[PDB]
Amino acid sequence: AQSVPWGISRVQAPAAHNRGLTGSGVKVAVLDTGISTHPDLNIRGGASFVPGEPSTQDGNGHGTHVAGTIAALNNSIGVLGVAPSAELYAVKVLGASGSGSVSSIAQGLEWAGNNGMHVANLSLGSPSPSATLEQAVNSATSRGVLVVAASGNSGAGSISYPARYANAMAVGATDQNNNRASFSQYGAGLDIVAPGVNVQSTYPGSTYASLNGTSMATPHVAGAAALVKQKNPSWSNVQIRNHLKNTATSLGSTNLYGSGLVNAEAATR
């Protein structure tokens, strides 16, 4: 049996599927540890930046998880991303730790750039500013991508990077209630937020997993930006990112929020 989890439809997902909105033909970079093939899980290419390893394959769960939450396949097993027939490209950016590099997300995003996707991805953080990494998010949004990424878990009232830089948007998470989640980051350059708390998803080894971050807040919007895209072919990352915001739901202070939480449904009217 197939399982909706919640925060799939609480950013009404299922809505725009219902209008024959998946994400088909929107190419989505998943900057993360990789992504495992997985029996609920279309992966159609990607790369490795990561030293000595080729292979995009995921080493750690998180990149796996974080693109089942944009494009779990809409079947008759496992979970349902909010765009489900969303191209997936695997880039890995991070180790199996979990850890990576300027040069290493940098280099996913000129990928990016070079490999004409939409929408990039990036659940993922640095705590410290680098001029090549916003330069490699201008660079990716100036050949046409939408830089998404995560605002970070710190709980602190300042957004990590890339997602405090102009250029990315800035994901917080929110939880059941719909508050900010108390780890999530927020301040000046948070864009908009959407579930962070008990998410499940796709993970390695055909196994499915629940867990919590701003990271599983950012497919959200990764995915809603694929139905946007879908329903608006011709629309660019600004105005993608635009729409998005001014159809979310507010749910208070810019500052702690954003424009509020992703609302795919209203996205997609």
Second form
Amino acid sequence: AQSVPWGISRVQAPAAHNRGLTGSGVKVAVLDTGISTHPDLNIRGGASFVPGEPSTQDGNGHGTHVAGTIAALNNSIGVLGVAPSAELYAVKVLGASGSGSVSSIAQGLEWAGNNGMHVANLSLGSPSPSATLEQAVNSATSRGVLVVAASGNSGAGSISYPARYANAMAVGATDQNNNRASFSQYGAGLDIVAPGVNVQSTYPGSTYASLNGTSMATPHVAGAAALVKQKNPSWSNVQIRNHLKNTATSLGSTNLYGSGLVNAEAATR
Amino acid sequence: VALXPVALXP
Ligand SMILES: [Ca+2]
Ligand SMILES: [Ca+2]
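Moving from the form solved without its partner chain, what structure would you give for the form solved in complex with its partner chain?
So here's everything in the complex, that chain up top.
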């Protein structure tokens, strides 16, 4: 039977699904370690920019887990994504070890902009800025891509890059009580938060795993953006971004939580 | 560097 992970319920995705909003027709690029073929995922395509790993299959597990939060299929098995009918593209920019270069990430962002992706999920970061990365985020934004990125897991009061760049939407992590997870980076630039503790999702080997981190929070927001895009196909990346923020549930200080907890019901009503 | 598994530059 299919389970609905706590985080999917918390962001109120089922209410959106009841309106017929599932992310149908919306192209979402997952810039990560790959996405492995899985009975609870439909992968529409992708590309790899990691030397030595020509396929988009996932040798780490991280990308597959992130992908299932966005779009695990609505059926009789596994779990359920925020946007179960979104069109997932696997853009491999990190290797099986979990590391990548700024060059590979920038190639992924260029690919997303050149190939019509509307949302790009970046569950990755670095404590250091890179002009190359900044330019790539800005270029993708100008081509219509909503770039969604994780705030980081150091627990500090400043956020990682690329999330810290203006044109990336930065996502922090909450726990089961809507508290900021202790590891979740916060501070100037934080846009919004989403569940990032004990997140069950798809994992390679046709199985499921529960993981923690801002990497897991981020795809809740990427998924919510796809729901808004399906409802409002003429809306631009920045319009979608602001609408998600404006309809978020305030949790207190914008410094700790940004606009608050993403709410897919409010964002699609 | 990095958050958990993803790092990129220092
Ligand atoms: Ca399922
Ligand atoms: Ca930002």
